[PDB]
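Peer 1: Here is what each chain is made of, one letter per residue.
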Amino acid sequence: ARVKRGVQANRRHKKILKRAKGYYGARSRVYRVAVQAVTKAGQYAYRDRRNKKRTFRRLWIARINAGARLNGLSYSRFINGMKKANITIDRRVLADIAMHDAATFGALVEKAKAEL
Amino acid sequence: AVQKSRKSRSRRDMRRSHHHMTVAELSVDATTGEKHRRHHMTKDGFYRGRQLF
Amino acid sequence: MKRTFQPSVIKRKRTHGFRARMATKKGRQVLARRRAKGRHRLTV
Amino acid sequence: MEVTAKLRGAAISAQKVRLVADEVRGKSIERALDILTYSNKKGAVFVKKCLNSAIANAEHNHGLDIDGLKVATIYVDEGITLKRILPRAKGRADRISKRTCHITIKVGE
Amino acid sequence: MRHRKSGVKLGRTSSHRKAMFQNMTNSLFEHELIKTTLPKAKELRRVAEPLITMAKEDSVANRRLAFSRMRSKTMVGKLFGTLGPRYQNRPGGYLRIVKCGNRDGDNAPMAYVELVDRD
RNA sequence: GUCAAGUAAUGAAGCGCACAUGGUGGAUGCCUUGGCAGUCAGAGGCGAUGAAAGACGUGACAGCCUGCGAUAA
RNA sequence: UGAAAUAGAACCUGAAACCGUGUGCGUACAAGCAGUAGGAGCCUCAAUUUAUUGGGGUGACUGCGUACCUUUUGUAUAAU
RNA sequence: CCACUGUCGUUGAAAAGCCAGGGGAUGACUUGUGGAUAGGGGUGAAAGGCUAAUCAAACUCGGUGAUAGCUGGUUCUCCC
RNA sequence: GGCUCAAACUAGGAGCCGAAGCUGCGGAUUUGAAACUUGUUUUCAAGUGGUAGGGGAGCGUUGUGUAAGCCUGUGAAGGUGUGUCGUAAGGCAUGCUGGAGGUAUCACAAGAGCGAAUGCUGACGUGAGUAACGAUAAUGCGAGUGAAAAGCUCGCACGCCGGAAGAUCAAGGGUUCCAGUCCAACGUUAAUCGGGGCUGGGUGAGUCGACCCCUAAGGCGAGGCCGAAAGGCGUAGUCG
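Residue numbers (my numbering), protein chains in the order written: chain A, 1 to 116; chain B, 117 to 169; chain C, 170 to 213; chain D, 214 to 322; chain E, 323 to 441.
A hint or two may mislead.
[Unchecked claim] Pairs of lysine to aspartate or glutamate, EDC-like flavour, derived with a Cα cap of 20 angstroms:
1. E:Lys-421 to B:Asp-129
2. D:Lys-255 to B:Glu-150
3. D:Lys-219 to D:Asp-307
4. D:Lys-229 to B:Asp-160
5. E:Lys-421 to B:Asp-145
6. D:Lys-283 to D:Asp-307
7. A:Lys-84 to A:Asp-101
8. D:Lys-262 to E:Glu-365
9. D:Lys-254 to E:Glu-365
10. E:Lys-340 to E:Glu-365
11. D:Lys-229 to D:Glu-215
12. D:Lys-254 to B:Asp-145
Source of the hints: derived by calculation from the structure; they are not laboratory data.
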């Protein structure tokens with residue numbers, strides 16, 4: 001029962017090369033270079049999937065810091081004010097209010113400013 | 117002596133970016149009306165209104 | 170320079186030829202072994 | 214339409230003919246022939262031979278006015294390679310590739 | 323460096339170069355129209371014209387001097403017989419170079435060398 | 001409109017990626033005239049009446065292979 | 001002619017390496033395993049009452065990021 | 001017929017050469033042809049030299065798929 | 001970078017940032033726990049980084065039975081895209097290409113899965129259109145032929161060898177010799193030319209050589225001697 005591996009090898013190698021499309025040079029053409037580029041891409045994606053949550057919080061905090069400083073206090077005093085006023089609004093929503101509706105954020109800072 | 121890694125096809129083609137073919141300058145002879153290279157006799161021998169054979 | 174082969178027909182037929190093979194017991198074993206392999210050239 | 218001529222088997226490297234092909238690509242039937250007849254490259258005799266055959270095919274088989282023709286497409290491919298051995302010093306041999314090229318020309322209005 | 327120097331080398335020894343242009347000058351004097359390489363055509367003006375100039379006046383010394391530099395009694399008689407009294411009134415430029423393309427065997431620039439006045 | 005200051009867009013000698021379309025190459029798939037392992041039986045020799053292996057010939061037809069041997073496909 | 005001729009004799013199928021041609025986008029002030037997470041712009045298809053989404057291509061700009069195997073106490077290793 | 005010195009050549013024109021010089025050149029000379037000595041054997045004005053570009057034990061086949069506490073490699077996936 | 005009543009140091013205080021830690025939400029999974037009870041179901045608790053290595057569950061491939069079945073020229077395998085599904089190996093569907101085969105399900109058996117072994121074979125890259133084109137005796141021009149001539153033929157001239165680079169052989173080779181014809185490959189370029197391809201022709205002996213007669217070294221060697229066998233030696237001779 002001789003088994004020829006050409007057919008299964010072809011679609012196996014093709015599966016890796018299809019996943020390596022858009023890569024430069026040998027990384028999208030030859031399997032030996034493409035297989036470890038696909039693995040490395042998956043490793044970056046797994047780590048960057050944690051770092052994304054880490055990077056957007058930095059973005060929200062900076063946006064909130066700009067908004068609070070435009071009218072009144074800083075971010076460090078803003079978060080303390082929201083915490084003392086029992087305001088649960090997340091930094092994601094706050095940064096969206098600051099960047100897209102400045103009247104509401106002005107009213108939102110006042111509630112934090114009167115609480116300290 | 118020799119390379120430590122194969123040149124990429126891209127890098128090989130950037131060296132070929134000055135590889136052009138020379139295009140001759142042509143003219144029309146006044147007498148025969150034939151096309152010929154500038155400052156050269158026409159294939160049948162005419163250059164600047166003059167016969168060579 | 171002088172190379173190793175330097176052919177000579179009388180010397181070739183006298184050390185490797187058909188009658189030289191057949192004149193010894195082991196030379197006939199050489200011929201039998203060429204024939205068992207089916208070689209088209211028995212002797213030089 | 215597009216009238217095609219092929220010159221499969223030209224005994225010359227493709228790299229040497231791609232230079233000649235890059236100067237007649239897109240040119241009119243007349244400018245391309247002047248470029249080819251006054252070129253110093255060997256690949257120009259091969260391109261002109263294939264270009265001229267494409268012109269006759271348009272004039273004869275397709276009944277098309279050659280005065281309005283143009284070199285619509287041209288590309289040089291790699292052909293079959295003849296493999297030879299070249300002796301070097303110290304009893305070493307290399308492989309020599311004698312490359313050939315295919316020349317495809319398409320003329321059209 | 324090559325500042326202000328004259329002459330050709332043409333990948334030959336000087337003895338070969340001297341003999342080659344002697345042969346060319348004799349060939350140009352016989353047929354009066356030769357086809358040669360353009361660098362050779364231009365240098366032929368410096369060996370062939372001075373022979374025509376010295377044949378403008380005919381004497382044994384001049385006749386013998388030409389044969390020293392030409393070594394062809396057939397062309398020396400022709401040089402002093404017809405080429406002399408044809409360019410008598412012409413102040414140089416006895417031959418013209420006409421470029422005639424490139425050679426097939428090696429793509430060398432070619433040129434015709436023709437004597438002026440019916441060569 | 002003229003000037004000043006500020007600031008876009010546009011380029012490609014070549015190159016990258018994707019797609020389309022080819023060339024080269026001969027994988028894969030399908031296929032078999034060829035092999036491999038056996039079962040049940042038979043046989044176990046050929047040769048001085050010249051063997052086994054060959055050489056050279058032999059045809060209407062040039063070569064090789066196959067057959068044949070001057071009675072020579 | 002043939003059902004078929006990119007079945008035309010190097011002939012069934014015709015993969016990949018490798019080499020061209022065309023189209024779209026990017027690319028000539030910017031430093032590195034060439035990706036990844038974001039992301040403007042552009043181009044192209046399908047709906048939709050008409051730039052609003054969705055699919056595809058490209059990837060300006062930002063963050064992070066020193067191949068794989070083996071062998072090792074320990075390798076981006078300038079160790080195989 | 002040799003091979004002392006140097007340059008060149010060192011993917012050579014050449015797996016030992018060319019060039020400029022150099023040594024012997026009636027002799028223990030050189031050379032053609034044929035023959036003899038065969039592997040732990042031969043031959044050696046002796047270098048472990050040479051014995052078919054192979055020599056502190058030739059080459060070919062066989063024992064043989066020698067052995068290798070050594071090095072390399074060892075191919076689909078997920079769960080504990 | 002820059003920082004001097006700090007952006008340094010000491011002693012305190014309050015905020016905030018900050019990890020794959022903790023929590024929140026969704027989903028999977030191992031083990032144990034109350035039961036329609038073998039994943040029949042709802043949960044709960046504690047877990048789920050991992051080399052060597054141990055344990056468990058599966059995927060795909062070739063072949064056998066299932067199968068004289070089922071599918072297939074209204075298009076099999078294979079190839080190449082796309083969509084979709086699963087934790088994964090992978091499955092399914094379908095556009096094009098292809099043109100004659102494939103195989104559900106469940107068992108069964110393996111030449112059963114490759115990126116590495118300075119692995120093996122073939123093909124093709126990079127270097128790179130780079131080095132080089134093989135004695136520095138040397139070529140120029142005019143005609144001819146030709147699709148095309150620096151290289152072929154003829155001519156004039158030039159140069160080189162001339163104790164050879166000229167002639168006769170032996171060895172070795174074997175048709176390379178001559179003519180006609182062709183230029184794909186071969187010739188380190190071109191080629192109309194060639195020791196290349198193809199087709200014909202060509203080698204004439206009493207005196208040249210071989211054969212022949214004779215022998216050298218050295219072989220073989222009726223009988224003979226010696227030796228487990230194979231064989232070794234040797235006389236007359238017979239070759240050489």
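Peer 1: Are there hints from earlier that the structure breaks, and if so, what are their numbers?
Peer 2: Hint check: 1, 2, 3, 4, 6, 7, 8, 9, 11 and 12 fail, others pass.
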